[PDB]
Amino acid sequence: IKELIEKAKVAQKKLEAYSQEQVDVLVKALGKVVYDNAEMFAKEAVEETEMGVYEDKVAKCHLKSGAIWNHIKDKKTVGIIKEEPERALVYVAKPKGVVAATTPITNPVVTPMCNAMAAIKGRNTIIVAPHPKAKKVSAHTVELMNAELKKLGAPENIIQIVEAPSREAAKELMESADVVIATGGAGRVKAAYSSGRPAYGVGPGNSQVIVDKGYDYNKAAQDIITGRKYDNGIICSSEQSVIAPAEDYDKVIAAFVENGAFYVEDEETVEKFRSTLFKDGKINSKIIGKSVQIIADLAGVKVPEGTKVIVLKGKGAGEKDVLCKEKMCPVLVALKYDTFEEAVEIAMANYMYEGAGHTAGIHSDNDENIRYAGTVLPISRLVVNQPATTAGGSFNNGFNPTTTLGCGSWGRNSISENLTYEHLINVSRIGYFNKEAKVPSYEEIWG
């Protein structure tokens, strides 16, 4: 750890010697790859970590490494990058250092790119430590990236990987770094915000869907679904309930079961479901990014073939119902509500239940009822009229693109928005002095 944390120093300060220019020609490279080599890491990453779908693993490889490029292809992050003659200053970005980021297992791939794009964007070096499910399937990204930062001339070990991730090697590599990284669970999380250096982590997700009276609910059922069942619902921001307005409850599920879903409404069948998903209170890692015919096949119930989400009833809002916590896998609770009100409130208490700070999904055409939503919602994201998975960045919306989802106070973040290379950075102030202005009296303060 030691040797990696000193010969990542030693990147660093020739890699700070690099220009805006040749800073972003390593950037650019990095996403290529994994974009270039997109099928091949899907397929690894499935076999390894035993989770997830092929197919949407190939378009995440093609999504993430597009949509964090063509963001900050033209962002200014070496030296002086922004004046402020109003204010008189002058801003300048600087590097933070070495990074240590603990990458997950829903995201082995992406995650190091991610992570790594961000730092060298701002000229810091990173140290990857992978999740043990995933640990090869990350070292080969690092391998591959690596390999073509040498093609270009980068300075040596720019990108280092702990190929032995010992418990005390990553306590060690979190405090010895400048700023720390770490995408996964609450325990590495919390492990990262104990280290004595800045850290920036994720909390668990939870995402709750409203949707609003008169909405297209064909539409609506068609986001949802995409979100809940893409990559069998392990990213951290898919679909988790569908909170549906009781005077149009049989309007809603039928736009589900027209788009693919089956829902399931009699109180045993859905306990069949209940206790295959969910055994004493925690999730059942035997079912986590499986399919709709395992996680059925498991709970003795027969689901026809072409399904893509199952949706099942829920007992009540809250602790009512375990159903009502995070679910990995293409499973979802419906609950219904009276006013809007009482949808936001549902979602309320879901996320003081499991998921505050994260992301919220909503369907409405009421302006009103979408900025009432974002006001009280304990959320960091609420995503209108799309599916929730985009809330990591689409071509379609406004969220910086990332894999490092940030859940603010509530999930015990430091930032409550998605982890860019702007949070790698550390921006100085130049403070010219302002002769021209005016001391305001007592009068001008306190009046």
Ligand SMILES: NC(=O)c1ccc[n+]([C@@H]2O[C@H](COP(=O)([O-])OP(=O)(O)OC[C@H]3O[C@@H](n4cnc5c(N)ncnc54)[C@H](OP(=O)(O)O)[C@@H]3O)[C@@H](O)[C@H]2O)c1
Second form
There are 2 protein chains.
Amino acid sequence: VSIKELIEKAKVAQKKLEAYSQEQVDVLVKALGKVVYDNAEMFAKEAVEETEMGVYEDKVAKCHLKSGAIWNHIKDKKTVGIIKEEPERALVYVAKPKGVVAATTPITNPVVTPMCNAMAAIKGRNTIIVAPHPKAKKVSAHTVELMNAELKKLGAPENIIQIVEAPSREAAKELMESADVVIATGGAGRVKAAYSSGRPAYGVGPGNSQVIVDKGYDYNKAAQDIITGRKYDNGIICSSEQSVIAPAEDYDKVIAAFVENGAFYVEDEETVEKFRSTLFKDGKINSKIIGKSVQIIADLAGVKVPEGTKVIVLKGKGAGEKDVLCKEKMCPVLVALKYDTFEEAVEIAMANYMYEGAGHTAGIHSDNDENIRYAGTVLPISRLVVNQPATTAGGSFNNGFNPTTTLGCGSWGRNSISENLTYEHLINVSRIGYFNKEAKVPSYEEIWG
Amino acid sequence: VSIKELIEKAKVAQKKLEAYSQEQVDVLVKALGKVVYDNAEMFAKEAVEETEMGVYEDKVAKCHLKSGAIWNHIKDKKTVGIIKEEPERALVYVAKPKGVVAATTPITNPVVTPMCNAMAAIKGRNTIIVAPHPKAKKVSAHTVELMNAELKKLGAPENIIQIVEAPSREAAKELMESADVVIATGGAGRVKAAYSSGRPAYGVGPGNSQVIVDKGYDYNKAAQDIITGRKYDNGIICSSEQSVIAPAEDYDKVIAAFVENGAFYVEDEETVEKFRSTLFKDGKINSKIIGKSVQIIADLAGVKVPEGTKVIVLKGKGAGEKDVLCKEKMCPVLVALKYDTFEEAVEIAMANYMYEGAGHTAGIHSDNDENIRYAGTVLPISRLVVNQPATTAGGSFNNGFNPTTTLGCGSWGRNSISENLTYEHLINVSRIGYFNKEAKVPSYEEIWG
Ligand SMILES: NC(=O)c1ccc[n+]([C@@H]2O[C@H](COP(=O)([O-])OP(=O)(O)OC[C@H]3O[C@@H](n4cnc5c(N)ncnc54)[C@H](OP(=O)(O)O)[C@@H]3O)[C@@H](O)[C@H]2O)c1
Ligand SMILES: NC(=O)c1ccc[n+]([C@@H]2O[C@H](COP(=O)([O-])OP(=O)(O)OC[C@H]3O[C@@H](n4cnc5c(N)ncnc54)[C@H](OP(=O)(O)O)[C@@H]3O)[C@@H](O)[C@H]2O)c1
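Can I have the other form now, the form solved in complex with the ligand, not the form solved without the ligand?
To see the whole picture, the full complex is given below, headed by that same chain.
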């Protein structure tokens, strides 16, 4: 049960797996996703119970969506041997595994993340060792167990998926340093560790999705989408909506649309502070309300919130560090802010990203494509989600984001990529470079002219 | 000036630089390359004198080629703002700077590497802080100085390029940890510290280019290309040819082609050992002969080598660890080995990559594309250079490799990329994801069928 034994088992498995063809890894990869789809109800109930956060019905939808969207995305992708011919540059591209993947998986998505990481790794003839969050180790282990059971029935090499029980940080550090490539999906601490391991690493960053509602947009649809995303899994998703940046001239109209769709809006300064003092203790999120219901938060705050309320919306004191409510809230609570111009809406969003979450996701609800493009152009984000719930940032059958459970945050979030992690990031792509003799020696004028 | 003050001045510069348009960074980038082109003769002379390695004429050609090939490649690349529209996936792509680049530069390419890194950085609206090798600090600083003079003439903001005047230790470590993104072009130690800094890094592993001469190929042309690559800058290029894996049935022919083209071939065991004991001390390369002439090496070995000899070729005792000569040699010396079958030739090259240089470059000289494709599929290399000097792996006007002075070695070499570093690796590419309404919710059979 030592790390060095797990690494050694993984190398032996990887060599066996490296002999697989494209079609043969595709069989295993499809089965890994389908077992999470087929057992979504059992996994979802186990996750909610063990991690003490989230919503059963949303984790069922998450398992259904992630497994099917990832497989549908990667089923026709060429990741074995020669994958591309490019005669115009006299190049031939070859896909080769990176080897053994070390993957640290979060408490918020303890089922789909080992599944996603395993599917991406095995798709490129890599093997993987999962190290789960301690508060989710059982359901993560159970996911690995049922994945390994389907691999055995298909004749897969033993131990292409392993999992460590003890989250001993001496053993977790040793695992990242001993593996060929590291995936860290979790908090800022586990991400910095991956990028200090001396090995090529793919991490994530804390989210803090800012949302601009543009003037004249259908506020009813905007409110429905923002509420759908904020309340999903009790708000623990990294892409979840965190703020409502609304136009001053239509502010009451926007709030009314949220109220019409299940929000409880708090304007009174003293009543907001009752929530604020509950959600944050000494500037840090109160772990007791992470992924909890609206009513749990209301009772701890001592505020009566109507039955049926889907999200709480709190009027904020101001953008950025003017209000701790502008930090990431892993619960169904939004902070509302006003703007006079779209430029001010962007600056408010940017101030909150500088506070927390730079490089992740933003949402926008607008019929003004020039404003959308300006926001995409200037905001410190990897993903801008337009006119849909921001939780679709990780993939949906109605947008073009690459399906994943590991959302890169770029240099802002101190990650290596500013995009969703896929199979592509776990294979080396070699180049065979031929000689093009029918090419002349360009002169000084041709180069510098 | 302290690193903390360098980082601050750089961040101020980048904010001013972020407002630049595509055309405005292009003017700066071009002038950076052209000032190294126009001063190639002066820089080459200073580099040979200060670093006490290399060849003046080769450094002039290096400066001329790298500067012109990089500009010619990146002149028309879109790296600012919205760079691509993909309506089939309802996506729009946005290029954004990563911020402040920390770039450590090597003793072997002290002029072109600061140039190439600065061009790639500023092309994506980044700023850069160069940490040169101590044995090349003067000429690297001189390169930065003349580059900054061309920037000022064009009206660029102050300090978009800076250089650390001090060497390593806490300063270089603090720089890599404090910057947004790190480039490490150098030895295994600098690559390791880059991937341990807690920041996204790009490294370059040690090279050890294995070369297979295939049966029936024009051995005269192969010898000319291999000698050209091996002798360039006295053998200090990381892509430089290091071995001659030749068919046993034609071995004397191949050697004869080498001798005909300026090689001195040593078959006698005791005479080879005179060279071997000079080139390697205790299994490590003798730093006194790094980038030195054939005659300096011959004099130290006490072996008479004819005047005009271009390279020395030593018959190796065997593949891999059977001979220290199979390691990387940063000097104009090759190790010769025999093979009975092409499959065995690949195995020999494989064993030498396991000894040193896995993930870098190989060369092959062949008209049999099946053999070329087999070698490129089996070998742990990011680049396979066909029928040309292996030193063209960093780019040439006659192949498709992206021009660079920073050649990543993939996961094999403990790097994040298995390709040549370009502007692309220094921008965050973001995605605007619109909502596609026409798509319908897929059924189970439509997902898993
Ligand atoms: N971008 C994405 O794709 C994505 C996916 C999931 C979550 N996230 C983000 O990550 C955060 C959630 O991560 P989490 O929900 O896993 O909780 P967490 O934020 O990782 O914090 C977990 C707590 O337990 C510690 N901890 C974490 N992993 C541990 C381990 N293996 N062994 C021992 N202690 C450990 C952490 O300390 P350290 O500081 O030492 O970790 C921290 O105190 C949210 O901010 C969310 O937005 C992002
Ligand atoms: N793939 C590429 O694009 C590329 C480009 C250039 C060079 N290379 C590879 O790099 C190797 C040569 O690199 P080099 O010629 O620059 O010498 P080096 O091997 O990078 O370092 C040489 C010696 O200098 C020491 N050193 C002391 N202070 C240093 C400092 N401030 N920065 C760096 N090293 C310092 C190093 O210690 P540490 O152990 O702490 O480094 C090492 O012992 C060759 O193997 C070559 O193939 C690859």
